[PDB]
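Some chains omitted; the rest stay in position.
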Amino acid sequence: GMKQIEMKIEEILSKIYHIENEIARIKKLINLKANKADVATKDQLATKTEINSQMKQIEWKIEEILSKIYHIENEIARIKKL
Amino acid sequence: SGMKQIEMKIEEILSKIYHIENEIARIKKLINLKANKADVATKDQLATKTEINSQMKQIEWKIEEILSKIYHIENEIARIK
């Protein structure tokens, strides 16, 4: 009877040691994870799609402007020609 | 009765250990759903909507100014003709 109890205590102590090692590993893993407070949220961050769309609108206007300037320069050259 | 008491304590201990093992299994799954520090952007690397809006606005104002100058010039040229 006593021997059987001793063997159960042995198994329990082994299980506990294993659990302690699991916990030690878990703590290390947690320390590698990012905190919610330190990570910029989707709400806060600009997406490539959004930026691309607004950049495209600007680019089209710049292209329009460049064409207008070229046309104007040609008109002026025509006006000033002898 | 001494042996019986020890057995009852062992029963409760084993139940507690089993519960802890199940908790640990659940924790490991939860950890796997969390983002690693190494896999995210470092503080202030990424562009915010506020910053982008401000930057775009400055460019937009300049473009609008330019378009106004062009319209005026086109009118001046039409008058010169």
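By written order: A and B. Residues from 1 in each chain.
To be clear about the criterion, a residue touches a chain if its C-beta (ideal position, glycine included) is under 8 Å from a C-beta of that chain, and two chains touch if they have at least 3 such contacts.
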Copy count for the complete homomeric assembly [2 present here]: 3
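To be clear about the criterion, only the chains that are shown with their structure count from here on.
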Distance from the mean Cα position of chain B to that of chain A, given in whole angstrom: 6
Residues of chain B touching chain A in the complex: 3, 6-7, 10, 13-14, 17, 20-21, 24, 27-28, 31, 34-41, 43, 46-49, 51-52, 56, 59-60, 63, 66-67, 70, 73-74, 77, 80-81
